[PDB]
Amino acid sequence: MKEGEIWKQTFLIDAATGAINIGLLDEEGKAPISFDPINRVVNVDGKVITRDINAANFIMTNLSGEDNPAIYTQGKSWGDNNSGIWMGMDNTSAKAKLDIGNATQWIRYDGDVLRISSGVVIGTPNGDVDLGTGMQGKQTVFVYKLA
Amino acid sequence: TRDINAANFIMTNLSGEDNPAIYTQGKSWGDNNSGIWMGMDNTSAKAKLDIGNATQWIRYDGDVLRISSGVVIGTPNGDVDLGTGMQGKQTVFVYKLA
Amino acid sequence: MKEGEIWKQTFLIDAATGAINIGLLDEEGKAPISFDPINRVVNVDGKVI
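Protein sequence lines, in the order shown, are assigned to chains H, L and P. Residue numbers for the first sequence follow the UniProt record's numbering, beginning at 344 and rising by one. Residue numbers for the second sequence follow the UniProt record's numbering, beginning at 393 and rising by one. Residue numbers for the third sequence follow the UniProt record's numbering, beginning at 344 and rising by one.
One-sided excerpt, in silico: chain H residues whose CB lies under 8 angstroms from chain P:
| hint | residue |
| --- | --- |
| 1 | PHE354 |
| 2 | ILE365 |
| 3 | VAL387 |
| 4 | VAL391 |
| 5 | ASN397 |
Interface residues of chain P toward chain H, partial, derived using beta-carbon atoms under 7 angstroms:
| hint | residue |
| --- | --- |
| 6 | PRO380 |
| 7 | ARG383 |
| 8 | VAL384 |
| 9 | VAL385 |
| 10 | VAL391 |
With a cut-off of at most 27 angstroms between alpha-carbon atoms, the simulated DSS-like pairs for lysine-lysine come out as follows:
| hint | chain 1 | residue 1 | chain 2 | residue 2 |
| --- | --- | --- | --- | --- |
| 11 | L | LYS419 | L | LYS438 |
| 12 | H | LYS390 | H | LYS351 |
| 13 | H | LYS390 | H | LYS373 |
| 14 | L | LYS419 | H | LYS438 |
| 15 | H | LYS390 | H | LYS419 |
| 16 | H | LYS438 | L | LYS440 |
| 17 | H | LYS390 | P | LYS390 |
| 18 | H | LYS390 | H | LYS438 |
| 19 | H | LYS440 | L | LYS440 |
| 20 | P | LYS373 | P | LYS345 |
| 21 | P | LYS351 | P | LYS390 |
| 22 | H | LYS481 | L | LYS481 |
| 23 | H | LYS390 | P | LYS373 |
| 24 | P | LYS373 | P | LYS390 |
| 25 | H | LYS390 | H | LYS440 |
| 26 | H | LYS419 | H | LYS440 |
| 27 | H | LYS373 | H | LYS345 |
| 28 | L | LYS488 | H | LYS488 |
| 29 | H | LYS419 | H | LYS438 |
| 30 | P | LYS373 | P | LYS351 |
| 31 | H | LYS440 | L | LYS419 |
| 32 | H | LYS351 | H | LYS373 |
| 33 | L | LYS440 | L | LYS419 |
Since the hints were derived computationally from the structure, they do not count as laboratory data. Each residue gets a CB set at the ideal place from its N, CA and C atoms; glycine is no exception.
Whole structure, please, built from the sequences with the hints as guidance.
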């Protein structure tokens with residue numbers, strides 16, 4: 344599309360290799376959407392919206408060196424009161440951080456101490472025993488009196 | 393790629409010999425590298441887990457879940473060390489005649 | 344593809360924006376496979392393998 348007096352390429356469909364670029368090229372000559380079928384790389388400078396796709400391997404990648412590579416439901420952050428699942432490595436502390444639950448009941452790991460402000464239940468073949476009650480430190484003590 | 397959303401995942405063995413597993417780059421099963429490894433080993437047909445590093449790790453080989461890491465479990469009264477909690481501290485008595 | 348006496352679009356490759364639709368458009372004007380590179384959305388009314 345011709346702006347001012349210069350033509351800026353908006354897309355380029357290569358006949359020889361099939362490489363496809365979409366959008367206005369940035370200062371580095373890379374389109375916001377780029378296709379490289381020689382290497383088969385889906386590199387887009389944006390967000391992807393879809394529903395269901397299968398996969399095996401995942402890498403939490405820090406693209407710009409400052410973004411936090413983590414998984415979160417929409418509207419869910421680290422340590423917030425919102426209900427959701429948050430799992431990732433905090434770049435400031437270089438520690439994997441976990442946040443599953445809500446404001447009241449949650450399971451959180453900050454990379455150092457795994458604290459759970461939720462009912463932690465562990466099962467046995469004889470049944471289920473409350474972990475909090477199981478380890479309340481109930482000590483059988485004796486008190487003595489002379490009479 | 394960097395970020396794509398999804399709901400359903402299948403660890404698929406395409407050629408019948410590749411191990412369908414998830415791993416960070418440079419991370420394998422049982423290695424000393426820090427990372428997360430989760431998948432089913434085709435040789436043993438057992439799901440294998442490897443989260444942590446050479447010293448502190450949480451590993452499951454499909455048979456025994458062993459953790460060479462500080463396992464902490466929380467209670468409303470606070471946090472009690474699981475290793476100290478189950479050290480088998482038995483109140484024993486020794487008797488002497490005098 | 345012309346069915347009966349009306350042409351129903353099967354694909355549309357937009358030159359200006361690069362938007363690509365694949366398949367027979369439904370009642371809402373959305374193809375079963377739609378590409379929106381302006382928004383970069385992979386929205387398909389089906390399954391992905």
